[PDB]
Amino acid sequence: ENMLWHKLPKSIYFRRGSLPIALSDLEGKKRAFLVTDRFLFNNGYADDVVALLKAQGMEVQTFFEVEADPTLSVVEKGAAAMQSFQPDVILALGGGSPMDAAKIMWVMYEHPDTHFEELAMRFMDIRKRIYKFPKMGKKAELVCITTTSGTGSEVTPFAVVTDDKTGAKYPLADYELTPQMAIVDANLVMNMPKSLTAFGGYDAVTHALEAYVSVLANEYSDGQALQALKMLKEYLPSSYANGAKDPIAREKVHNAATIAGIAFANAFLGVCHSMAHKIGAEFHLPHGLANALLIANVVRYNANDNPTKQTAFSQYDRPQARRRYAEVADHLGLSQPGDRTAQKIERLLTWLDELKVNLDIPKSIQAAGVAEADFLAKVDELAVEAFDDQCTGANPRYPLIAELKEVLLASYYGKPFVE
Amino acid sequence: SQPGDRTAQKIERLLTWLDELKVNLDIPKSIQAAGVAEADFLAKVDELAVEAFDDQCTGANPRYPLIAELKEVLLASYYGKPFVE
Amino acid sequence: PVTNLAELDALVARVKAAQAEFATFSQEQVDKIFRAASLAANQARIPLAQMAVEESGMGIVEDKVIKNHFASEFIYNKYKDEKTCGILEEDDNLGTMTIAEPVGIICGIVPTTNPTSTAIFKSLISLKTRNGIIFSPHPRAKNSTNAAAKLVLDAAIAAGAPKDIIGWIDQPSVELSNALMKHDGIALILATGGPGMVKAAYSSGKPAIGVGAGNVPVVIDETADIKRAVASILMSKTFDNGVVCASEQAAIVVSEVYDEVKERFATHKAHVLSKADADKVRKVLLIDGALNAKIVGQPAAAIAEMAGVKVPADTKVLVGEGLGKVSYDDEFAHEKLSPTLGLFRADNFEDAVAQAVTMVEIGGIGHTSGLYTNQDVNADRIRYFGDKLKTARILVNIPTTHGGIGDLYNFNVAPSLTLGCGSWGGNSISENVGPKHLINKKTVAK
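Residue numbers (UniProt numbering), protein chains in the order written: chain A, 450 to 868; chain B, 784 to 868; chain C, 2 to 447.
Think of the hints as simulated: they come from the structure by calculation, not from any bench. Just so you know, even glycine gets a beta-carbon here, dropped at the ideal spot from N, CA and C. No false leads were slipped in.
Per the computed footprint, the stretches of chain C lying under chain A, defined by three or more beta-carbons under 8 Å from a beta-carbon of chain A, are:
no., region
1, 33–39
2, 57–67
3, 72–80
4, 393–407
Based on the sequences and whatever the hints tell you, model everything.
Take a look at the structure:
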């Protein structure tokens with residue numbers, strides 16, 4: 450048989466006005482380094498943290514020179530600056546790139562002798578526990594602050610870094626990348642605008658929905674996945690409509706995002722995540738809504754009775770995805786008491802349809818402002834390059850590149866995918 | 784222009800020249816082809832035109848525009864239509 | 002351009018001087034080339050897979066994509082960091098020093114079944130061992146192979162590699178392949194695929210090892226669960242129309258659990274066959290006595306109609322039961338390399354064992370063997386089964402393929418390829434290949 454997982458960072462401090470009491474316990478430490486973004490650095494947020502540090506008085510410096518993506522260039526200039534400083538504490542601020550880049554630079558600082566490529570190709574995925582990783586955290590060590598509701602990078606031991614010369618994407622993933630320390634306060638995220646709220650919320654929603662039906666879904670993930678899913682359905686529309694006039698829904702959905710981040714940190718992601726990643730990469734589309742336009746077709750792709758064409762090991766652990774969707778729907782009260790599976794599924798995806806309507810997103814990729822000429826030009830290699838992007842992937846039914854383009858064109862055009 | 788021409792002949796030659804000249808540089812020919820949602824275009828071209836009037840144009844423009852003509856031009860250009868009367 | 006023997010020997014001398022200078026390189030610098038090449042190979046798996054599919058004319062793109070990924074990742078990971086340059090072991094107190102040194106020039110023969118994966122495999126291992134290689138691609142699936150060779154060569158070039166180390170034929174011909182096979186300047190040859198070429202490469206008076214496979218039998222007893230065996234065998238056989246090496250070729254079913262297994266195939270895409278269409282397909286499997294090539298990697302419907310029969314389009318494998326006779330003349334007894342299967346009707350456990358043995362000598366190579374049985378109640382069966390069989394791999398309740406849920410089924414297995422032997426005669430248990438076969442060691446005593 451096989452084995453399976455649940456590993457989390459040790460400590461989370463998380464609320465409304467938690468930040469000062471959160472950082473209070475950081476007395477005995479002396480040095481520090483800060484990573485953040487230039488925009489937030491301009492905003493009156495970094496001053497807050499540096500003042501609270503000077504309250505004890507810490508040799509500190511901020512790095513606000515991270516852009517939307519890890520660079521394989523910014524990472525080592527930051528690592529070199531800090532190893533010149535040699536701090537023992539590292540603080541990450543924001544969402545996505547500032548955090549994982551920090552991770553990278555920190556681990557680069559941890560062993561300033563190991564080169565990048567052997568690390569990059571040695572560690573792509575998990576259950577490949579061959580063989581070992583150099584010890585980290587011996588001299589510096591990681592505390593994390595989220596700002597955006599909708600991403601779980603604060604907790605997952607994941608990173609992806611891009612070549613500047615070729616734009617090559619490098620996924621690095623193994624459990625030591627989890628920060629020791631996580632903080633989830635909401636005062637930072639009260640004025641954030643729509644539909645950026647919608648963007649993050651739908652990103653996290655995708656994460657949870659793929660996590661539950663993942664083939665790696667342990668008994669441990671399902672509870673908090675369904676809890677985040679249950680809580681989202683009442684406080685996303687209010688928070689999208691109301692805020693910061695609604696200081697109830699916003700922090701709550703922030704917590705949902707954190708819960709999802711906890712959830713899929715063990716039950717890995719699926720194909721739709723990879724294709725959203727790519728499509729956003731080429732067309733400069735943000736994540737969070739790139740996947741959102743996909744999921745309907747995705748589930749219509751996944752929801753099948755018994756096509757034993759590329760399914761594997763079908764009958765040992767995964768009973769059926771359709772059953773899983775029906776359980777979610779009826780558990781969500783999204784089904785008439787006397788119902789079959791299929792109509793429960795129908796109600797479920799109709800629910801998410803009217804949901805995404807409520808949060809003001811388009812219905813097709815062309816409706817998003819995407820030309821069809823370059824779309825058809827690039828979709829051929831898009832589907833192929835998406836076939837392999839770590840997706841692989843807890844996807845129960847194996848895909849073939851042919852189906853991918855069909856889904857892609859359906860997405861570009863609308864059109865409920867029913868056979 | 785042909786050596787034997789009238790003015791308008793030369794004029795259409797002129798703007799034909801510019802037409803497929805700007806064709807040569809791979810640019811959309813209607814602003815919808817430039818990727819603009821047009822429902823709101825119509826919704827908000829109205830005040831767009833009124834500020835388009837007095838925006839310092841004023842303006843060595845030899846002829847007065849009025850609000851109406853601006854609107855005709857804007858819609859024609861968006862659709863790549865020839866503003867002609 | 003390489004089409005005649007003149008330019009052939011020209012690039013022979015070229016890559017000879019190239020390897021001569023390449024073999025003086027230090028470990029710490031060949032390592033980064035190793036990493037860069039492995040990464041670049043693993044990047045563009047899909048253009049190569051599409052190229053191979055279109056050039057071959059059959060196969061499944063995604064299987065080739067996934068096997069490219071698995072090949073590149075596994076070959077890099079298992080051979081990340083190994084001491085291969087300079088001194089290897091030392092006894093200073095005795096002054097006895099043992100170093101390693103590369104071999105030189107090798108030829109590589111590429112079949113159409115796996116034209117691109119084997120290419121990157123051999124290329125990367127050669128480059129790791131500071132040696133040179135020339136390719137004999139098959140004329141059918143060649144342009145994909147050549148394109149992969151240029152891509153990996155260029156990725157090496159932008160790493161400080163010499164001007165080239167890689168040679169290959171253009172428009173490959175039997176005369177050029179024999180001229181290079183008997184060329185003086187080559188040190189080793191690596192032949193894989195059809196049995197006709199491997200014996201000829203053996204009959205070369207030169208060092209040679211051939212990675213092959215024979216008829217892979219699986220025996221299923223009564224204490225076996227039917228469903229798990231059926232599902233596993235169907236997935237393994239359906240992988241890429243059964244073109245993977247060391248794939249299943251005949252099934253042994255014991256008496257008591259026979260007809261329910263048969264109808265179990267009837268309950269799925271397996272299309273049973275017991276009539277003159279067994280002959281209609283026996284003709285087309287074995288047209289010349291040498292494995293008719295018009296069925297290579299072809300779907301069940303296509304092979305059924307070319308046999309002369311209609312079959313429901315949803316079917317994937319054709320099940321032959323006219324296999325009461327056990328000998329070479331059985332077309333089913335030969336390996337199929339296609340989504341086709343012939344089964345046996347065994348009497349008991351030991352009759353099944355004897356039939357399995359009679360299968361295994363037909364291949365001539367002891368490569369793999371399958372047992373589907375209850376595990377914890379019959380360990381006597383397990384060890385006796387191991388005693389009677391002589392194959393490199395013994396699997397119990399395990400598919401003879403790669404990839405189930407999660408990591409891999411099984412995660413701790415080498416591919417069905419890479420298992421070759423230095424002989425062909427009989428019971429030649431195929432063995433995996435490593436740089437120990439590809440580097441010569443010398444020692445000095447003081």
